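Start from the sequences and build out the full structure, keeping to the hints where you can.
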Amino acid sequence: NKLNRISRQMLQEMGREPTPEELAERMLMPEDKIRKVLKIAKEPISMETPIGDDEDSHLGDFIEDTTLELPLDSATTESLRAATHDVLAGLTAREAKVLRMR
Amino acid sequence: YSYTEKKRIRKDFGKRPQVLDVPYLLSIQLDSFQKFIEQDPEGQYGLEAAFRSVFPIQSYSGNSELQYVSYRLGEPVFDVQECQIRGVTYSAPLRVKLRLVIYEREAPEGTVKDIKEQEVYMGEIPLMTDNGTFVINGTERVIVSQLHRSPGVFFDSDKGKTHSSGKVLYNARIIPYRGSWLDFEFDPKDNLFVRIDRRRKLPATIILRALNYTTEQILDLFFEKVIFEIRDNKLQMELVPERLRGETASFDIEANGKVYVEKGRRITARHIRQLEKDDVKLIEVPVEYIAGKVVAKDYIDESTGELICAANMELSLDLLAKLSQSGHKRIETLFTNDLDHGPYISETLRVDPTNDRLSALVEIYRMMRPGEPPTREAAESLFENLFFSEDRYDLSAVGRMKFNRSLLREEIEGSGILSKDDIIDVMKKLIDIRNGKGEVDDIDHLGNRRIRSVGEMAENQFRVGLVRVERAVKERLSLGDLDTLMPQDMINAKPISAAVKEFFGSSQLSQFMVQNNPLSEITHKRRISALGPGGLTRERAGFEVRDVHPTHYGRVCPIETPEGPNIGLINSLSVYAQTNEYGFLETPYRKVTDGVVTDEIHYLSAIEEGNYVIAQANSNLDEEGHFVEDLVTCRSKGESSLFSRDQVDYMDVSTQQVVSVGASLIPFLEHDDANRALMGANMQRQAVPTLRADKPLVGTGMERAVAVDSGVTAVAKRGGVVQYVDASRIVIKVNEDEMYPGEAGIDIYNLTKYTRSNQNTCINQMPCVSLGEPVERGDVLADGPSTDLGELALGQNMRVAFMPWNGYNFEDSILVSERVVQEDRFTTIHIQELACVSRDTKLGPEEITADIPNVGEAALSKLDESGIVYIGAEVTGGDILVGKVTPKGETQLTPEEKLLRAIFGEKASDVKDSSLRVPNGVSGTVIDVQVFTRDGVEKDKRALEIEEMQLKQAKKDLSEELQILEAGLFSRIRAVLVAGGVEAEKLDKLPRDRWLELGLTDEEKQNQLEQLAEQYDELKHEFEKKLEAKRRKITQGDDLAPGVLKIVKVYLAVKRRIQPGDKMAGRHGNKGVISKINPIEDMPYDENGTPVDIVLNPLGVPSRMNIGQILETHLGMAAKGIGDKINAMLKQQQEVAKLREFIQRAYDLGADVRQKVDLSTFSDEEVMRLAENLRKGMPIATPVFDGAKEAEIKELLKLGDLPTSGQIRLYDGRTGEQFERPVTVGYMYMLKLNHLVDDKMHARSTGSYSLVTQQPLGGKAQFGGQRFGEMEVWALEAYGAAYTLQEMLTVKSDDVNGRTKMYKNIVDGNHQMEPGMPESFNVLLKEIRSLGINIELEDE
Amino acid sequence: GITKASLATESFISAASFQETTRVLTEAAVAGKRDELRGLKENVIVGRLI
Amino acid sequence: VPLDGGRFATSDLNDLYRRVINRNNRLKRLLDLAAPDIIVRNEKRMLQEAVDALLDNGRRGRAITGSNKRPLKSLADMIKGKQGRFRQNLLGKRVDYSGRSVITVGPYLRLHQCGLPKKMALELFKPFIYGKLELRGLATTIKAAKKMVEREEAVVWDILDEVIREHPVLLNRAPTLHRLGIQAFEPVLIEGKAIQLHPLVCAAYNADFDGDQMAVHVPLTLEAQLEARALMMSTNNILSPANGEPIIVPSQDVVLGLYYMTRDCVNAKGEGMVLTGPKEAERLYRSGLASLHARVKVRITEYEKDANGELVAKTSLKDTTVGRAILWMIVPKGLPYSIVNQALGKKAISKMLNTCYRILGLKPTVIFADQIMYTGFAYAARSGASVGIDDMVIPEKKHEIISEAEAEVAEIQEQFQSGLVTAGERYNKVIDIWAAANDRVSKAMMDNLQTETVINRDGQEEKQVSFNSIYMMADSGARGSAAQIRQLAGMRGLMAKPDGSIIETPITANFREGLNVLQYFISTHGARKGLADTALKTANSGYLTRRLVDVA
Ligand SMILES: [Mg+2]
Ligand SMILES: [Mg+2]
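Chains as they are written, first to last, in PDB author numbering: chain A, 461 to 562; chain B, 3 to 1342; chain C, 1308 to 1357; chain D, 253 to 804.
Any given hint might turn out to be false.
[Stated by the list, open to error] Cβ-Cβ distance ranges computed for the label pairs, FRET-style:
id : chain 1 : residue 1 : chain 2 : residue 2 : range
1  : A       : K557      : D       : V253      : 43 to 51 Å
2  : B       : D1041     : D       : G313      : 36 to 44 Å
3  : D       : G313      : B       : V939      : 45 to 53 Å
4  : B       : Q952      : D       : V253      : 38 to 46 Å
5  : B       : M315      : C       : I1309     : 55 to 63 Å
These are calculated hints, taken from the structure and not from any lab test. Virtual Cβ for every residue (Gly too), placed ideally from N, Cα, C.
Okay, here's the thing in structure tokens:
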């Protein structure tokens, strides 16, 4: 709340509006925390916010899954076992046991 | 004839002389905004007008008033170029002087103290470019002019369909400029209704009560009075001898001692004549006729003081007695006629629940706000605020004007609100139409269609800003302390600033300027839209408004409109059209007095033109300009017919004025079907500029006007001689007549160099003049993209042959010789902006460092120490533009990966590779790099180098200005010193700086030398301040978004040529997609051996009736003929005589054209340069409807030495044998639209996925798969393909398990699917189950 | 009529597609109606063989 | 889920769910505080409203999401939509293994295949390429394979031709209407980014080349490959399921080729001579000895299977031309020479294909169709057909006809000023004579245009059907029709004002002449209402098929 208020006098006083470090001096605190405070303060945007074209295209339709695993990798995972399991039968029974162990 | 015309002159066919030349094509855009922001010392539209409405603002009754003084626009923060690079909006600060007055308590008014607060800043409003575009964030945007329904009253029909009883209805609608709508409408029972806005229907009379009108005055207003006298006993009556028309006699009717008519004889012209001339005022009547008649006023019994009858009640034979015995002599009744005067208003009162003013006011307030209790102050106040409040209601000037005009009033200007007189007059007029007297207007007429535009529209938004701040301003002045707070602490910026920003930023009328092409620009800035706010919608209307209207003549182009969902909802402005003074559309016309055609032009609006008889653009007059024929084709009122010699009041200005800038550029348009012409002018705007600006060989003559009027070219500010010519800049030394006395000067044009367009095309200027060449003011200095020597070249004309070629042209497909791609002529240059952002994540900040996990030196080759690609490194797909790395710690890898790192001994980094890399397949040369940095983060090495470089280049740039400027100024001092004390050889020896001392003998030359001193020192000082700001602007830390530490924007210039798949079209609506690129060997050649560039399929010609494209071909060939011919006499070096003779012959052509020509031109240097420009071809101008004719075309082909048929024999380059039949070969101007195949082409195997629904979604630009629809499903359902369909909607898209299980099988070599259940449907189960529904999958 | 006859469909999942969804689900949810699939529209929805 | 710049984004349900929770929880508190009835009652109503807003918002007041005017979307709106479910509504789910680009011709293609851009096929078969690459051991593992195609080593191209060979791809155009809107093709590798599409199919797709784009789909599972080949393959549908007539009928360029090919003039090189068979007929033509159209008897061998499933042979001297003789080389076995002995317009050339199918079966019909196209394009290219401005012949009698009809209106006009005829009667009268005039001009230029070529063979004179360029197109069935031609040479029509009341002063000019200002302006309405009507008729059609497929 204090921040909105400060931007007010300084809004017309500075003629455009105070710089990110301006209200920082106006405020008691470390003043770089302004940035940190400013992030969490934003309210989340409706994932249903209709974007462009109005075509029921909605913001949420554009949010990709980053936790997924592309198959071109999962495929190489199924392979990497077959790779390493083979090279470990190519070694002595104890080296495979010792390496599978370490 | 001008200087850039001496270089090349276009042979102009056509007869009709141009009386007026095309004005500035950007007039509308520029004039409008110019009226908005300006100091207008009166109520004319502008920031001034919107201020004076809501001002002055007083607190609530507290007698604390705040008034408004004046405003000013501060200097722009960045100029247009600077504003574009950084991303800011091009804007100026609005500084407004405010005066706060306080009345003493309690006072006869006077001020304790008044603080005049100087210019409080509210918002920065964007500014319009010299070309009429806006820059919102580093991006050019155009605001389309709007066409809406004009404010006023309008009476409509809504015939036919209503109630399916026929009968039509008649409704009036008052549409004010601001405030609620007032609607009046009838019903099948002829009861008048009213609804405010679209709200509940209400009986009309309730407003009269709300206007404080009791029933008696309602009866007294709309109806006449039938006076009844009881004289002796039982009922005499007053008679207007005319009232008996259209009705039959009710009793024995006799007066003036002579019985004129008995009972049962209808009243014709006979009966009325007798009464009028015999002056029959009073007759004796029976007591039964009033059984139906409604009493006018109230009549009470004098004795009992009790009400005998209320107003508007039907009398009976018995009722007459009770008011007769009360001593009533007079009983007033209504005049009712079912043809002339309908008993409509009367029947509405019986449906009126109200009685008095408050009742009506309550019933209105409860209509508007139902559910809430009415209040005396609420009902009274609300009604007073709707149409009677200066704040919440305005019709403005036009509303009042059209209002007054449609009501047949005298005053064209009046109150900006409604008066009791105003509403009532409309009601009277609406009834008159229902009575058969008067007619209804129609919405589609362009006299009722008003055109707004940027200046006006932005003004409305600024008003909204002031009202949403108004509520705030009163609120603070309530509690204000005496002289502590001031007219700053109250007024904020953001409320006003966010209003205007919300408009320029995302309103439907503000769009990216479709800028691949000057024609595209100029046709965007002249555009109308009936869409957006205050307009109709695609879904609402309705083919009448979409259709072309008779009033569109000379105002709106009939043929340039989109062919999509909104047809006729956009249009384009005509060529000569202008916005009327009041805001309508008026067009030029020529005043024809008596039988002579005068050259005074007269601009007539849609309604003005109505009454006049207007002649035709094509008509033959001569000598004094008498119409040759005794009768001429003309249009007078909505229709066209033959008109007499002296009838015509006016005549068309030009043969062109019906069309638009787009359509006026199509040659032989008169020969093209309207569909293909539309399509032609629609596609002509998509033509990407080419590598070599060519010129149209076949043309109209607008191309000069389009090039200059669009800012793409560089036009001379003042005339003079070119001092210096570089590919960078141009310095003109002004002629003395054009030069200002002070400062001397030279006008320096800084050319735009290679840079990105909105469509990712290349916009680059080239100098068209040579060292030391005379140029006069208004001469073309430099071509822009797609402009040649002052003309408009949207593509390159080329040799074309019509013939099926082995199916390679099958439908519209085009077969192009390799000569074209080798000549690199249709090659096009694209400039792409790629960005790399270093953000901040909860795990840590992202680094732009050149240290990237798991990459070799070949990657790092193209990178400097800092991680940014060098300028000029040509790059291809996959190359690293900007090294970027994001923190990810403690990966938690797996056993076999852990073994992998152990064996190959790589230290797996705590950092992940985010670097910006070239998209797959796009390849180009890096022409620029930008680094924006947050204020406070240390600029890395490269970023500092750049900033230092930009600084040196800036210093060099400013100094170059000063050096040439100083010489130009000192060069004037030298000449004035020579006028009275010339020492020529003596003067230029000593240092030039030591000149300012020498004075002169008494004369103005002493004050002139005096003058140049003053202006010199300012230059010394203005330069200094200019340098400093520039330096500061570089060093100032650039502002970024929240979370972004730094941004690297890389600019690639890709050069794409032509390949199968590009879309190409001529101006005639013939599309095409290049099919094969053929060797010159297989190209058809003529006997002389010259191959043909393009082979078109003739089959496209007959079906689509674009016939202009053929003439254009034929004539095109002829033009090329004169070139080859000239190319021979010049390669012969015959001499000026032989050459001059032949060129003169060409420009005449057979008789009766309008071109004129030489030999006035200096016979050697001026003539010879022109011939060099014609050897490629001789440019020809076919005016739109005045264009050339076959004979002239055929005649020009005779001079060409080329056949009249326009066809020759052609030989296949393969078999070498002839072609049976002659084939048409010629030169067609052809455009490359930007539908380029390596834009369109997309393919995806396995990409990213949407999270919410697991579905293919492009995140890397490896695009989500093609969208598979319902109709496409049916196609599979009609086929037996079950497995194709299952795999389509399960494993190929939605099955998050099955997809991976599938992929592994594809590489294993097993084509199967283990489908499972789609996640979309699997979600549907939870959504149903998330409600109270138990949905199960039964059985087994 | 064609549009009226398509209204009546045994499968409610099919009806929920092209009809008014709210009304279909409610009117079906009360009766405890059991969709046996068997039709085309529904099998496409659940993603099995037509 | 988070976004860039550290901001967050969330579904509207949270705001709704949160509310129901708060209120629910507050109510739980208000029970233990024993609040008065008036409050807990109010709290219950508020909770009731809140749950309702969660389930289906809009059956009450329509609560709006926080700080945003737009109402927050509830669970019923997640299922609901336009129309019914979004899931199954068009569109309809995005699908992997697909692509698209601008399409072009490729007449060299056989009817069962299509040109596929090199890069498109690379990115599409990416998993297959990986598997085939590691099947032969050219790549150690899938990862190395990924790097190979990403490196685009030259060696992969031969491997792609293997994985491509027998593997159909599905091609689709934008308004898929009937089942032929999707057809399976065999891939042919093409340098370049454009899709090449067999010309004969352009009719079934309604695919012009004006820049239309087509989408490609790869049939992954074995069952999908065999569905595409045995059902959706191009060659398996040559006949419309709507009506049994072939939809692969050669389109325009090809039929002008065959029309110009089998046609005959009166006197041309090779007139009257005789040849052993079509082989030496082409030998006559190709060498420049005989004209494509000249009357000639040649020995032909036709076939008739009129036995019991068995082919009879018959040889005779048929009276024909050189072109028809040459063309006979393509016609397989049991078709009679009668089918090719005619002029071969677009109408006959389809019924040719129909009969070939209904007699010899599918396989002979497919390869037949191919041959017809190849020869059609080829000979059409030889023909050197073109269109000049002098190819459109205006009747010599036009100006005279207009004047006579111009005299009639002035007759009827004199009758209206003198009251001999009523105003309404006037409008209809004038409209009829102008209409009648149009027919006159149309049927003048049609006669002149059609036969006026008047030529001589050895004897005196004679006249045949014109060889004029524009006529051949319309007669053959290639393009254009007497109606459209009438607008080029003869006067074009009487346009109609927006009102629909056809104007009593028609368009007296045509496209070969110029149209003046008024005529064009009046022409505009017909075009725009045409585009609007069609663009709307587009919408009417779609809804209709919808209602239809829903009921069936
Ligand atoms: Mg087509
Ligand atoms: Mg198309």
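Hints, one by one, checked against the model:
1. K557/A to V253/D: 43 to 51 Å: At 44 Å between Cβs, range holds.
2. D1041/B to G313/D: 36 to 44 Å: With Cβ atoms ~42 Å apart, the hint holds.
3. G313/D to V939/B: 45 to 53 Å: 50 Å, holds
4. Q952/B to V253/D: 38 to 46 Å: 40 Å, holds
5. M315/B to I1309/C: 55 to 63 Å: 57 Å, holds
Violated hints for the displayed structure: none, as all numbered hints are satisfied.
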